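Quick one: this structure, given as structure tokens, is what I'll be asking you about.
One protein chain omitted, others in place.
As written, the chains take the letters A and B, and residue 1 is the first residue of each chain.
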Amino acid sequence: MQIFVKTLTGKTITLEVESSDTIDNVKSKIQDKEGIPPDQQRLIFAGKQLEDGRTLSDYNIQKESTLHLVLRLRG
Amino acid sequence: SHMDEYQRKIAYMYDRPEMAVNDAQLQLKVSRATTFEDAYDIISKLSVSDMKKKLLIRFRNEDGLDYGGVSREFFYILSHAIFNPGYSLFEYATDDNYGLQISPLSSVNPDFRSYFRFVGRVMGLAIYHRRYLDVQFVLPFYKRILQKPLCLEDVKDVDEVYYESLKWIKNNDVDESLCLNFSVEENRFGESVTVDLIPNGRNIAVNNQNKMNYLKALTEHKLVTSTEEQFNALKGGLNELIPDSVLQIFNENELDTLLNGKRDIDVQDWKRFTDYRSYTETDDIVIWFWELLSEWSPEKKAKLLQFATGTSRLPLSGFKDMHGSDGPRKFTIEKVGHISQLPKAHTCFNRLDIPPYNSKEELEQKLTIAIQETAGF
Partner (left out) sequence: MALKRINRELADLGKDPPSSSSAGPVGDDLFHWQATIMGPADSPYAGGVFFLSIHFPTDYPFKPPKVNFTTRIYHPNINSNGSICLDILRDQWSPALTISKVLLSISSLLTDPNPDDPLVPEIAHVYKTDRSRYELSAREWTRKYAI
């Protein structure tokens, strides 16, 4: 499927993933696309923070789901 | 390639019949101590025909050969003098991001137009005689010189936090809780004065249907309207030598390269003006780090500088007057972390944490991998 992630900078990114795909796979894809380390990525959907070791279907993520992504860096 | 195009443009520009130097030599003697005063006394009275002749510069009581080096040193000193913020002509865009821009307070002088025309003449003379300054303005300045439209994104090159706030206002809805309206409070020597972006703008709150006009007015006022007369005088002085039909074949980056040459970061100054925590100047890690920096390309040095200090720009006086988030803070190197971990950085403190590695090759590999994601220059 296709999901949309909006960052703190307002950038909207489309990710081609599946509901059965794990959170680790999505974080790895995000790291490949933008270089954000999986540990520094925080994803929020429907008031729930995505955690490693689970899948998108575990968070009731559906077609064109809107997620909030925040990256931690700097100092 | 980009370099080939820039070289072709430079050759075409200097091949124009309207930018050819004469054969007579114009002497120009300035004392080293009073460079700014003598330079302003001489340059601000020369004619356009005189400024197009060969520039021969002799420092007083300093007799020597290789007049090219003497002229380059004179231009370096003059550029570091006229553009120095302490002279109340230009100013850094932000304390922790050193970007020169025309200071709005410079209007306090009875006649700033003469000084800014002199600055324009200096820039035009530097470009005309194939000599380089050593300053680093902001991109909106170069865009203004070339007469390009300025938009919201241009505020990113000036101030990051201001641009982020403006983008937040653009994206998210603005409610009545915020006391935002069409007015700006500018503090000039203690007293604060209110400037209205639009007529009777101090009594017009921003709704959800006006925030676009508010952002447009704020961007125009911050980038252009606050420095109209001064920049007009500066551009008149600049175009007194270089016709506007010549500057308009470059862009905001090729003009920067033409004005300041290829940008490089000095390593000796960096080593002389740094401090160590839990480290000594004779430690193996420190000397290996300095050797690696010595044998490195400018792009990767700029990447490391941005990774450590948070920005790739330096103050007008090197690493001596280096500022942090709070105040002055020189580049700091500290021993922190386990051996396997990558080197870390603290940008708001200008700090670099390097674990105590065992071999120089491992240090180089870890440092390169750590600075990979940073984009410099």
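We adopt the following convention: contacts are C-beta pairs under 8 Å (C-beta built on N, C-alpha and C of every residue); 3 or more make two chains touch, one makes a residue touch a chain.
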Touching the absent chain when the full complex is considered, from B:184, B:246, B:267 or B:342: B:184
Full-complex contact with the absent chain, from B:128, B:162, B:276 or B:296: B:162
Missing-chain contacts mapped onto subunit B: 159, 161-162, 164-166, 168-169, 172, 177-181, 183-187, 192, 325-327, 334, 336, 346, 348-349, 353
Subunit A residues that touch the omitted chain in the full complex: 8, 72, 74-75
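Everything that follows uses one rule, which is that only the chains that are shown with their structure count from here on.
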Whole-Å separation of chain centres (CA-atom averages), subunit A against subunit B: 38
Subunit A residues touching subunit B - in the complex, by the definition given at the top: 9-10, 35, 74-75
Touch list for subunit B against partner subunit A, complex: 164, 167, 171, 310, 345-349, 373
